[PDB]
Every structure is written in structure tokens, then in C-alpha cells.
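There is one chain below, alone, in C-alpha cells, taken in the form deposited in one PDB entry.
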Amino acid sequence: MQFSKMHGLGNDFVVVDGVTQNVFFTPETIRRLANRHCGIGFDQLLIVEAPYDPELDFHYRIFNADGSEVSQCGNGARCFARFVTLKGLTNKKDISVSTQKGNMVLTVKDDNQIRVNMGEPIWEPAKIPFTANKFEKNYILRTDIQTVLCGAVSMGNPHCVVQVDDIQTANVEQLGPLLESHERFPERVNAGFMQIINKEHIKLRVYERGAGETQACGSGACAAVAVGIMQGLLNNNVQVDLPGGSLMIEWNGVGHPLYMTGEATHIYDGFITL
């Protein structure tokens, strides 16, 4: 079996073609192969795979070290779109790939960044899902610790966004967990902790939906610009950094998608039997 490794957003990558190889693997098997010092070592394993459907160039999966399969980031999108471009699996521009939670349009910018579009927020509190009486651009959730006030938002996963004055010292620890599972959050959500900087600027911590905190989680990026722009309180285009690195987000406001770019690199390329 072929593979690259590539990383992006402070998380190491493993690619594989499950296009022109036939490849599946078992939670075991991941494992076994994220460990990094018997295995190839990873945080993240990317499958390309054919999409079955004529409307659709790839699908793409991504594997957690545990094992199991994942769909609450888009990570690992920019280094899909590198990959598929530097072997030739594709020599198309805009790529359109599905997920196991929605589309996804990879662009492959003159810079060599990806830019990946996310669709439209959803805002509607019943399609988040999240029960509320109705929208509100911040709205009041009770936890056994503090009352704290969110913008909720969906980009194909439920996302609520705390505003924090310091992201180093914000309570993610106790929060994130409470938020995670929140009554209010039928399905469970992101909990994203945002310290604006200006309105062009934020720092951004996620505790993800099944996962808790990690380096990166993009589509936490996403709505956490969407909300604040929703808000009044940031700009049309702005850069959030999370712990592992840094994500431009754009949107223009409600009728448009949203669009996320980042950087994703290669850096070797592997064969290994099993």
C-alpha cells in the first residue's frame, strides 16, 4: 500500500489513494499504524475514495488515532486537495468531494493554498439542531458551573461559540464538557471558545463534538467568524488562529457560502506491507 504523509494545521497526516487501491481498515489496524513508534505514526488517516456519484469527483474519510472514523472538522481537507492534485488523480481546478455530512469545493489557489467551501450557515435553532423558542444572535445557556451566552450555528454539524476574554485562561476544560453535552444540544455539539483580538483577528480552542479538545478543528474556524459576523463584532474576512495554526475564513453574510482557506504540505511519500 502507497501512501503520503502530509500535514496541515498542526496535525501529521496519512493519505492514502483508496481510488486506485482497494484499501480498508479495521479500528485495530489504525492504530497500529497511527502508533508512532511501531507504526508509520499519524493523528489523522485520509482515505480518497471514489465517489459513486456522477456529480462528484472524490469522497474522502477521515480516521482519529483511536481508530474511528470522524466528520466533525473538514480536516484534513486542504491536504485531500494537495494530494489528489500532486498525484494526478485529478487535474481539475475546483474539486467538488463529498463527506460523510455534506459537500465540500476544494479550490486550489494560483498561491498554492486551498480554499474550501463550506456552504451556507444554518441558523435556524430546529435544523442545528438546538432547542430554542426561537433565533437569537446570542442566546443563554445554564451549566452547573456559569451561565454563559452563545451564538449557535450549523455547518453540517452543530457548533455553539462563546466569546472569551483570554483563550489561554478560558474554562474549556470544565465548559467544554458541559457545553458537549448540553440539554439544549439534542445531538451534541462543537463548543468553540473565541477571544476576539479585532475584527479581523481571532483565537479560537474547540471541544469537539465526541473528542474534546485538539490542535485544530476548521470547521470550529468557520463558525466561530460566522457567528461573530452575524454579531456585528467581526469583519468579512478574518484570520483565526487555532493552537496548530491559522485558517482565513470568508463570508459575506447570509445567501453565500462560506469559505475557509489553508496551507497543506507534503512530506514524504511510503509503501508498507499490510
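Positions refer to the first chain, counted from 1. Rigid core (definition): largest C-alpha set, two forms, superposition within 1.5 Å. First, how it differs from the form deposited in another entry.
Core-based superposition between the two forms leaves all of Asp110, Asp165, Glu187, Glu173 but one with CA shifts under 2 Å; the exception is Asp110.
So that was the form deposited in one PDB entry. Now I'd like the form deposited in another entry, please.
Chain only, nothing else included.
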């Protein structure tokens, strides 16, 4: 199996062409390969596949380091765009992809950054999925050490967004694991901790479902901004500072797609026998 290693803001990926290769594996193999000392080492593994809808360019699959398959990854989407361009699977400026859930559009900008149309944020609890009697802008999540308030939203994957006074001292280390597997999120959740600097600028840390705290989470950045906008605490264009760097998120509100812009970098190419 040939693969490439890439990263977006230090969130690192193995990306595999599954158009010209037949690519499949067990969760055990994914976990073996994710290991940084005995495997390849990665936060997520992505596959580029032929589309099921032939009007689209590609199908996009995402695997976590823990071996789980999920339906969204924002940093990965940017890497996916850079990969299919660099490797000559396409030369289109606007690339249309499907996922297990909705479609997305990946735009290769002239400054080489990628702007991703992530689709419209999903708010209805049952669709997130998230257990709640009614849609609310804030939900109460009880944990063993603290009850917190969060917004909840899906970008194709589930997010719970907690507002914090100071990003450096937020209890990500203890609260993150408690929220990530909270009983109200039947498919687990990415737990975001957001410090609002002003209406166009936040700092964010995300304890990811199936990966823990990493250097950056694009879909987490999307979710935090969507939640802040829904709550009336943020404007429609927001700079999000993550440990590994910054993303620009744009969202004009319900009925509209959310856009995420940022870097994507190819590192090396590899070959491995599974």
C-alpha cells in the first residue's frame, strides 16, 4: 500500500489513494499503524475513493487513530485537497467530494491555502446525535467533578462546545475525557473548550473523539464558531487560534454552508505491507 503523510496545523494524517489501489483494513491494523513508535504515526488516516455519485470528484473516508471510522475531518479535508492536486488525481480548483453523510467542496486557493465548504451545521439533537428533549442554545452536561454548559452541533461529526475564561487554565485534561464519552452523546463527541477574545477571534482546544487533545481540529473550529454565532456571541467571520496555528471560519447562519480556510502540507510518501 502506497500512502502519503501530511499535516494541517500539526494535526497529522496518513492519506491513501483508494482510487488506483484497493484499500481496506481492520480497526486493529489502523491502531497498529497509528502508533507513533511502532507504526507510521498519525492522528487520522484518510482514504480517497471513487465517487458513488459520478457527478462528484471523489468519496472521502476518515479513520481515527483508535480505529474508528467517522464522517468528517476539517484539517483532513484540506490535506485531501492538497493530496489529490499534488498527486494528480485532479487539477480542478473546486473539488467536490462525498462523505458517509453530506457533500463538501474543497477549493484550492491561489495562496495555496484550502477553503472548504463544510456544509451546513446540524442543530437537531437526534441528528447530532445527542440526547435532548428539545433544541437549546445551551445544554447541561453533568460530570463527576463539575456540571458544564455547552452548545451541541454536528458538522458531520458531533461536537460539544464549552466556553472558558482562560484557554490555558481550562481543565481540558480532566473535563475532556468526561465529556468525550458523556452518556448524552451516544456516538461520543469532540469536546471543544472556547475562549472568546472578541466577536471575531477565539482561542480553542479540542479533546477529540477517538484521538484526545491534538495540535488542531478543523471541524472543532467550525463547531465552536457555529455555536458562538448561534448564541449571538460571535460575528460571521472568526479567526480561531488552535495550539498548532489559526483557521478562518465563515458562516452566514442557518440555511447556509460553513466555510473553513487554512493550510495543508505534504510531508513524505511511504509504502507499507499490511
